[PDB]
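Peer 1: One-letter residues, chain by chain:
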Amino acid sequence: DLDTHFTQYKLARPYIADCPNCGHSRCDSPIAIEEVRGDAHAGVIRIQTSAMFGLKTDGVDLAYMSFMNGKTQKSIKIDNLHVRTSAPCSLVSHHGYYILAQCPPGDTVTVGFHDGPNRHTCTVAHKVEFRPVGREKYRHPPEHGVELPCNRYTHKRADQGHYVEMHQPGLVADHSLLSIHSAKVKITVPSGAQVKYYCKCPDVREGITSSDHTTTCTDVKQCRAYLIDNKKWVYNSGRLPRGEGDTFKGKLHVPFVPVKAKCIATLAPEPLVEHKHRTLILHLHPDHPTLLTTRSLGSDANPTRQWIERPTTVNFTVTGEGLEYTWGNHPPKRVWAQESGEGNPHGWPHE
Amino acid sequence: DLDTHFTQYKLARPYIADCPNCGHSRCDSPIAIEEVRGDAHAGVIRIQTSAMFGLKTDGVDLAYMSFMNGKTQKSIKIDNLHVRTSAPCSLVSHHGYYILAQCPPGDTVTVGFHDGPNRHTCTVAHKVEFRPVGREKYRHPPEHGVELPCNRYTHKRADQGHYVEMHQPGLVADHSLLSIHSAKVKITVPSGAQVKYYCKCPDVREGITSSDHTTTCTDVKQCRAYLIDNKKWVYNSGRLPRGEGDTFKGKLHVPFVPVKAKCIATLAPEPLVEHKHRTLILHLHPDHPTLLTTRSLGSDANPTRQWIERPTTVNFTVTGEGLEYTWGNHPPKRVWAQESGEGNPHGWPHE
Amino acid sequence: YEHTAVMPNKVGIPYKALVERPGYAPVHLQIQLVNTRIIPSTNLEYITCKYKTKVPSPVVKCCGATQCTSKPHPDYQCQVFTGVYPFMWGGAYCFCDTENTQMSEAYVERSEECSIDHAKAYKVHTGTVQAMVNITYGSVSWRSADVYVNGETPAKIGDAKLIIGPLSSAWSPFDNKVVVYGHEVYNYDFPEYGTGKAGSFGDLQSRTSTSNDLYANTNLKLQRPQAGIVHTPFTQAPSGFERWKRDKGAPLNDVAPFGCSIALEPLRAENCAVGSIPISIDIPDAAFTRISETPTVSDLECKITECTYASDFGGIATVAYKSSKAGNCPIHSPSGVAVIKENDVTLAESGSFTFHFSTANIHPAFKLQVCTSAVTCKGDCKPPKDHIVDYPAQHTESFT
Amino acid sequence: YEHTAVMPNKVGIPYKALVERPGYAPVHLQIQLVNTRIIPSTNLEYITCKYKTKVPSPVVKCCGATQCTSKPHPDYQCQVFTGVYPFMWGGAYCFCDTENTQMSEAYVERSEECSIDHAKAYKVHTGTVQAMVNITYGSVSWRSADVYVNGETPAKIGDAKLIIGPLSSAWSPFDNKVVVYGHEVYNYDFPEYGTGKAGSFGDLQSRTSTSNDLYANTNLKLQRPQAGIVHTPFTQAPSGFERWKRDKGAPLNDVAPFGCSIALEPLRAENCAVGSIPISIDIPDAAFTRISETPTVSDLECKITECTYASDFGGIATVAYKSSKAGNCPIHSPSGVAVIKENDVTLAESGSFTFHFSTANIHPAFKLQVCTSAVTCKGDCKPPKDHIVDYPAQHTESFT
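Protein chains in written order, with the working numbering: chain E, 764 to 1114; chain X, 764 to 1114; chain B, 464 to 863; chain S, 464 to 863.
In isolation and in its complexed conformation, chain E is listed as follows:
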C-alpha cells in the first residue's frame, strides 16, 4: 500500500532535530533516531526517524522522503535514506516517522545519508534481539531452525494497536523560521503552527505566544524557533521539546506493532531426546542459548534449570509418572517412565 492511515500521514509533517551522536561535532540531521524497536523477533526492526518519510504529507508514494531542510520540506526519493543496523538493511515499508526494515539485530542502529555541509549520519542505542519469547534467546535474522512462538512485525501500517504521544508538539530549532521584525528576531510558523517563543531577552512565553515575539533581542541564535503542529501533529521526540502554555490533542498511532504468532524463528540445532531406563539421556548441541529445564511429572515436581549453549550430554531422571523436558521456547516435551532399557520379566515364558 501507499495509504494505510491518513491518521499519521496527513496529520504529521517532517521536522529536523538533533542527532544524539553523529561525530561531525554532533550534526543535526533529519534522521535523528528515536525509538529503535527490534521488538519483533523475526529479522525485522522498526526504526523511527525524526522526519516523516512515507507520503510527503499527502496521498502519493511511500517512495518519497520528506525531511525538513529549512522550515520547508525536501521531498526526494526513499532510497536516498539508508537504514542499517549492522549489515545494510532492506526497507520493507515506511509510514509516518516509522520505517519497517529487514535488518540484522543490533545493540545500536546506524542510519546515514549525505545532507548538509557534512555527511549527516545518525546513530542511537537500543537493545535488540530476535529472542524467542520463552526459555530461548536469539541473535541473527531467521535462516535456520524450526518456528516456535515469538514476536514478529506487521506489514500493516494502519495499526491502532498502540499510539505514541504526538499531542501538542513543540520546538526543534529551525532558525529559518526566525525572521527579523526589522531589528528584533521574529517567530514564524513552519506551514501553520501555534509557535511559542522567548529569547534570552524578556518576552511572554506562557499562553499562546504565536502572536507574541521578542521585541528586545536581535540575535536569532538565542531564541525559540517552534513548531507546535496542531494540525499536523508531529512525533514527540526527546530531541523535539514541547510547549508549556498551549494544549492540543492529536495523539497519533504507530503503524508497526510486534505481534505474536508463529514468528519466522530459530530452534537451536536438534537435541537428542531418548529415554533409557527411567532416564532421559540427552545429547544436546545448540547454537543460540537454550534454557533447558524440566518438570518432573506426577506427584513429583523436580525441575532442573541449566542454560545449554554448549554441546553437553546431560541427563534428567524420568520418574514413573514422567518428566518433562523443555528445550527452550520449543514447546515442553514429555517422557513417562517405567524403564525404556527394555526387558523386565513380569510374564509367563511360553515363547
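Hint data in this document are derived by calculation from the structure and do not stem from the laboratory.
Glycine is no exception: its CB is placed at the ideal position from the N, C-alpha and C atoms.
Heads up, a few of these hints could be off.
[To be verified] If you anchor each label on the Cβ, the simulated ranges turn out as follows:
hint	chain 1	residue 1	chain 2	residue 2	range
1	X	902	B	614	49 to 55 Å
2	X	1077	S	533	56 to 62 Å
3	E	923	B	698	52 to 58 Å
4	S	755	B	698	36 to 42 Å
[As the list claims (entries may be wrong)] Below, a sample of chain B positions facing chain S; criterion: calculated Cβ distance under 8 Å:
hint	residue
5	589
6	613
7	614
8	615
9	618
10	655
Position chains X, B and S against the provided structure of chain E, taking the given hints into account.
Peer 2: Same frame as chain E, now just chains X, B and S:
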C-alpha cells in the same frame, strides 16, 4: 415531559391483553395490570396498565386515556378511568405504560373503566411495602413525625433513573388484525411488525419470525396470534409475550422512579433528654411506635433495641467517649458523661 | 519525640490532647475526629434490594410442550401450564384448538428503588485500611492523616505518619458480609455471589443497581392461570431489603462497635468514638513547637480565677508561670479531663498568665501539661451544670 | 458401586478405573483427571512490559522560573540540564545566563508489545475453584468435561453424578499475586497497584497497554547531553519483561511443582501432573453391566499362545477363563492403577481370549479385575520401548 419522550409514545401502541377478574368469561383488559410498585419507601404508588395513557400517542397532555380497543387506540378522556390500589387513588401522572397515582399501599391493585354491560375492571396481586428509612420501620407512616430522607415519587410525569427491558408491544392476540386468507387465518401488522405465527399446520413455532403467516389451518383459535413489533418498544409484560425473530432486548426506561426526596416519614416526640451522672434518664411518651436504640460508645457497641409505643422511663449509661441516643429513625443525639448536681473535685476520671 | 495523645475518640466535641515532646517544646492538640473511614481492598459482590416482579415477556412456543427461551437476565422462574384457552382480544394466541398452553415466566428484576435508597452487599477484606484522626493541633496546624496497608499507596497523609491504636477506623465495625438499609447497616451474612436464594438478605443479587443481569430468586412462585385461560400469576413473597428491617441485625449507625455510625459506604465508619485513640505520630520538628521557647518549664503554680462545673469551655485559672527560657508553651490536661482551648499559653519567668479550659467540677484540680511541667489549677468556684451536652470534653471520663 | 477415584491431576493420562461391585458386574470407568484447572477470581492490577521512552516532548522552560507542567498521560520524569546552548538545525532555544538550562523530560511509556504478548500482573482474589474430569465407563465411551468445585456445580456433568474436588491445585503452585508473560509464569508479589518499585518487576506499572495513569520509572534516569547540544539520554534498567525471558526469574511453566506448563492465565497452572481431583461418583445401578450378563469369573487363568506387550496401549494376555456365567466383561486393574485400551471386552467360559490393557510393566502381570475377580495376567510377551512418549498411559506407576 410532553416535549421529549416520544421514545415510548410514537414507537408504541397500547396493547390489549386479559385479566382474571373480569367479563362473563374474562374480558380482554387493555388495562391489564402487571408490575405494581408500592415497593419504594414512598406514599405514592406506581401501577402499570397495559394501556399507554398519557399522550394519545401525540405530543401533549398526560390526562388523556389511550387504551387498545381493536388494533386501534381508543384515545379518550381519562375521566372514565378509575385507578385504585386497595383504596381509591387520585392519579398523579401517566407516562409510558406506567401510571403513578396517590393512594395508600396495597397487596393488590384494582383498575377499571366502565365499558359494556360489565364494569370492565382488572386486578392483580403483588407484595408491596413502603417504609420510612431507618430505625422506625413501618409499611408507610401512620400520620406523624418528621420527614427525613427516603424514596418517594415525583408529581411530574418524567421521573427517569431506571430502565426495564423492553421488547416491543409484543405478542398479544388482536383478532381485529386477523383477516382471513380465503378460509385460513391471516395475521396483519399492528403498526409495522414481523408478526409471529404458527398453526397446528406447518410454519415456525419457535417464534423465529420475519413476518410469519400460517394460512394452512382454517381456525382462528388453532393459530398463534402473536406480534413481534420491529421498531416499537413497550414494557415487558407476562400478558404480553415476546418472540425471538426480531425481538429487541433493548432496555428503554421506566418513568416513575422513586427518587431521594423528603418522603413522608416518622418520629414520635418526647425524648426528654436528662442527664444525671453518666446516665441519660429519659422519660418517653411517643405518639406511635418508636424504635429506640443507643450506643454507649467506645470499642463498646452497646446496642439497645426497644419499640416504645407508650410511656416508659429508660436509661442509657453514658461513658468516657459519650453515648448517643437515637429516639426513632431521626439521627443520633449525643451526651457527655458526668454528674449534674454541684460541687466536686475534678481533673481526672478518678475525681 | 512523637505526638502524644492518650485521650479518647469522640466527635461533635472539640476534644484535645497534649504532645509530650522533650527535644522541642510540647504541642497542644485539638483532636477533632468527625471523619473516619476504613476503605480496604474489597470487592462488590452484588447490589441487593427487594425484588420488582417486572413480569418478563416469555417466548411462548405454545402447545405440544413449550420451551422457555433464555432471556438476558440469568435465573428465571418459568413454568408451562396447559388447559388454558387464551384471550387477549378475540381468541387464542396459541396453536391448539383449546388444548393450548400458556407458559408463564416471571423473573425478579431490579426495582426502580434499587437505583436510589437501596442495599449494597460487600465482602469486606483488608488491603488499604485507614485509621483516620484529624488533629487540628492549634498550637501548630491541621493534619488529617491516614494509615495504609498497601505500600504502593502513601500513608504519609497529614503532616507525616500517624499511627492510631486502638485504631479509629482501620477495622470494620461491620462483619465481612454486610447488608445495608439506608441509615441502618446490618452486619449480616449473604450468600456469596451467583447462588443466592430466598431466606436471606442477598437473595436478590443484581451486579449493579439497575442492571441487565442478576440472580433472581426472591421466592417468586408461578401458579396455574385462573379460569383455564391465559395470563401470568406471579406470587411474590418478602425478600432482602424489605424484611431484615424489622427482622433486622444490629443497626450499626446506632450500635456500631468503636462508637461509629455506618450507612451506604464503600466501607467506612463515620463519626467514630472508639474507646480511645492513642495517637502517635512520626513527625519532624515542624509539627512541634521549638525548644527555644522553653527548654524545660521551670516552676509554675496554678489556681482558679473562677471555673466551671462543666465541660463547657468557660473555666479559667491564672497560672504563675516561669520557664528556663521565656516563650510560648502549648497546654492541655495530660488526661484530657480538662479540655483546654488555649493552643498556646505564654510563660515568662515568674509572671502569671491565665489560660482557658473546660473542666467538669467546682474544684478543678486538673493537671495542665505546660509544655514539660504539669500543674493543678485547684480552687473553689461556682457550679454551672449542663451535662446532657455532647460527648466528653473531659474525655477518658468516668467521674463527676 | 459408588466409585471413588483419586489419581494425580495429570493431563495426559487415561487412568482407566474400576467400579468394584458384586450386586452388578464391576464396570470400568476412566477417571482421567485431564488438565489442571484452578481458575479463581482475579484482578488486573497492572501490565508490565519492556519500556519504550516515547518522549511526550520535553516541556522546556529555559530561563527564570522553571516549569515542566502537566499534559495528558501524567507522570513525567523531568530533569534540567545546563552546559547546553542547543542546536537541532538552527541555533539555541535555551540560552540565558540567569540559567542556561534546557529541561529534558522523558517518561516510560508502554511499548507496542504491552498490547500483545506482555507481562501481566494480578492480585488474585480467593474466588472460585475448578477441575476437569474425564469419566469413561464400561459401557459409555469417554467424556472429558469441565467441572466446578466451588458452590456452582460440584455435581453431575456427563455420565454418572460426580462430586469433584477439592483439588490439590485449587490454587496454582505459584504465589497469590502472579505475573504471566506468554507461556512463562513469573510469581511476584506486590500489595495492589499504585506507584511501584523501580528496577524490579512492576517498575513499569501501566493499568493497561494504552493508558493515562501509570508508574513510569523503569529506573529511567536522564543524564546530561554532552557537547552543548541536546538529546535526551535514557539510562534504564531492564523491565519485568526483558527479565522474564532472557534475564528471567523463575519460569513457573518449568519450575512450578507438579508437572505444570502454563499459558496466559489469571492464576491457573495448566498441565500439572498432580493437583489431584478426588472424584466420587454416584452411579445408578442401571448404568452397570449385570453380573449375570458378564461372567461371574471363575477358573481364572492367564496364559498366552503368542504375545507382544505394550505399556502405552496394546498390552495383551490371553485368558483361560471357564467362568460360571458368560457375557460382556468390563475390565480394569482396580481404581486407575492401569490404563485399559478397552472399556469393555467380552470374556466367556472355556477357551482362551485376549483382552487389551496397558500398565506400568513390560510384561502383563498387572492384576485385572475382569467384571468380578482379579488375576495377574501373565504371558511371556515381548518388551516395548514405549516410554519416550508423553504423560503416562501406564497410570500412576505401580509395576515394572
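Peer 1: Evaluate each hint against the coordinates.
Peer 2: Right, here's what the structure says about each hint:
{"no.": "1", "hint": "X:902 with B:614: 49 to 55 Å", "verdict": "51 Å, holds"}
{"no.": "2", "hint": "X:1077 with S:533: 56 to 62 Å", "verdict": "59 Å, holds"}
{"no.": "3", "hint": "E:923 with B:698: 52 to 58 Å", "verdict": "54 Å, holds"}
{"no.": "4", "hint": "S:755 with B:698: 36 to 42 Å", "verdict": "52 Å, violated"}
{"no.": "5", "hint": "589", "verdict": "11 Å, violated"}
{"no.": "6", "hint": "613", "verdict": "4 Å, holds"}
{"no.": "7", "hint": "614", "verdict": "6 Å, holds"}
{"no.": "8", "hint": "615", "verdict": "3 Å, holds"}
{"no.": "9", "hint": "618", "verdict": "11 Å, violated"}
{"no.": "10", "hint": "655", "verdict": "6 Å, holds"}
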